[PDB]
Amino acid sequence: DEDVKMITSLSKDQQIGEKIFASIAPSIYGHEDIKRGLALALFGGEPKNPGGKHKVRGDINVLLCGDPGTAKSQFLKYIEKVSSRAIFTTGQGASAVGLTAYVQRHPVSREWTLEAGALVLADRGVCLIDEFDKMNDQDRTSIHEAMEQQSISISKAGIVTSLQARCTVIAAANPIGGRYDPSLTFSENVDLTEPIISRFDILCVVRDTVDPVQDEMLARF
Amino acid sequence: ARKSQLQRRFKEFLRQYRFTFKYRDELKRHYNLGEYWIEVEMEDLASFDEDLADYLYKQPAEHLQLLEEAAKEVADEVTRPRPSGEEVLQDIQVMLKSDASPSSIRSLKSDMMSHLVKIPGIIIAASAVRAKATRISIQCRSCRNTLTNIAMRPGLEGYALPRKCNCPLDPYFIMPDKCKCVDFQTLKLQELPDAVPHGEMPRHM
Ligand SMILES: Nc1ncnc2c1ncn2[C@@H]1O[C@H](COP(=O)(O)OP(=O)(O)OP(=O)(O)O)[C@@H](O)[C@H]1O
Ligand SMILES: [Mg+2]
Ligand SMILES: [Zn+2]
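Chains as they are written, first to last, in the entry's author numbering: chain 2, 458 to 678; chain 5, 26 to 43, 51 to 198, 207 to 245.
A few of these clues could be false.
Distance ranges between label pairs, derived from CB positions [claimed, not checked]:
(1) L497 (chain 2) with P152 (chain 5): 34 to 44 Å
(2) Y68 (chain 5) with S541 (chain 2): 48 to 58 Å
(3) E71 (chain 5) with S608 (chain 2): 25 to 35 Å
Calculated from the structure, these hints are not laboratory results.
For each residue, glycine too, the CB sits at the ideal point set by N, CA and C.
With the hints as constraints, model all of the structure from the sequences given.
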């Protein structure tokens with residue numbers, strides 16, 4: 458009860474937005490724009506559907522592309538910690554939670570189960586993807602259909618189902634050559650395809666230019 | 026004794042509920065078309081008489097049989113001038129329906145044993161339809177005596193053949217050509233993905 462009053466009092470502050478922006482990722486130095494974009498993604502928007510014909514989503518997907526050593530994974534870990542319903546996965550492989558639905562007997566419970574992908578488990582939540590450029594064909598197709606149609610269709614072992622996958626996707630990636638080239642466009646610097654990139658609302662580019670003062674401050678931290 | 030009175034009450038409810053006789057006409061039409069099954073909305077039963085509706089919630093096994101017998105008697109009384117050849121009165125299955133909100137599958141515990149429950153879920157496996165006996169007959173090895181029309185209990189419950197002949209012990213065998221069978225099937229249900237707790241495995245039934 459008093460929490461609502463405290464929140465309303467905090468909203469009356471003139472610098473509440475700046476405080477919220479600075480609050481995200483206390484242990485990460487710099488990258489104010491990244492934190493602001495992540496705050497905007499976390500707060501989200503509002504979906505619309507005039508009648509039952511035109512559906513417009515309200516989720517803000519975020520993609521970060523950066524050189525090695527720029528602490529891309531720390532942001533994902535912090536977002537996973539903060540978010541109430543967050544599912545973390547990596548495209549390299551051997552992930553705890555898969556990205557494709559399948560029907561199998563569970564190794565532990567020894568029961569016949571239908572295990573959905575991380576996209577379905579993150580319904581009305583957040584899905585974080587690390588190593589976005591190492592994925593295979595199945596993961597790419599599943600992500601494409603989950604981002605365009607916002608649903609997953611399964612036809613396996615006599616089971617035909619359609620499941621909702623309303624989630625916000627935050628992905629991390631590295632350039633093709635290991636270092637971003639300003640002379641080339643963003644599409645040419647990433648192994649991803651144009652339709653996949655077009656889905657993301659916010660694209661962030663991180664570089665590793667040698668600034669002595671910034672490097673000194675980072676080393677001190 | 027009193028169960029006969031309850032069956033009579035169910036008969037009166039079926040014959041009297043209405051400003052048109054819904055269940056009477058529905059049963060007549062279903063019997064005429066050959067579909068020996070009806071669906072009963074428990075709100076109508078509660079409106080007609082709250083006692084039987086309350087009773088059905090706690091002891092479904094016996095009251096369901098009483099209701100089935102009452103429905104069979106009602107169907108027999110409605111269809112007096114049945115065509116020649118169709119003298120046999122066939123049994124009728126009774127289904128239940130209600131508008132009450134469902135309960136989560138995770139709430140199933142010991143206290144809900146042998147009670148009536150409503151559960152949402154998703155089906156993941158369906159076995160083939162097979163046959164289960166309802167009335168069976170047995171024959172003895174030595175004297176060839178016969179016991180006929182033995183009633184079988186519903187559900188996943190077996191039967192034990194008698195060991196004493198009224207001759208060697210355990211002389212009875214089942215005759216396959218003199219039995220009545222019905223269709224049964226087994227299904228697998230899984231917890232809805234929209235209701236599973238975060239970071240926890242789903243449960244099945
Ligand atoms: N701004 C920063 N503030 C604090 N530590 C930082 C910062 N930038 C990088 N680091 C440190 O750099 C190290 C590199 O590991 P980290 O997992 O963060 O890398 P990464 O950017 O995800 O790299 P990769 O491209 O290999 O996946 C970490 O220990 C992290 O603490
Ligand atoms: Mg990393
Ligand atoms: Zn005998």
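Structure-based check of each hint:
no.: 1; hint: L497 (chain 2) with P152 (chain 5): 34 to 44 Å; verdict: 36 Å, holds
no.: 2; hint: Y68 (chain 5) with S541 (chain 2): 48 to 58 Å; verdict: 52 Å, holds
no.: 3; hint: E71 (chain 5) with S608 (chain 2): 25 to 35 Å; verdict: 33 Å, holds
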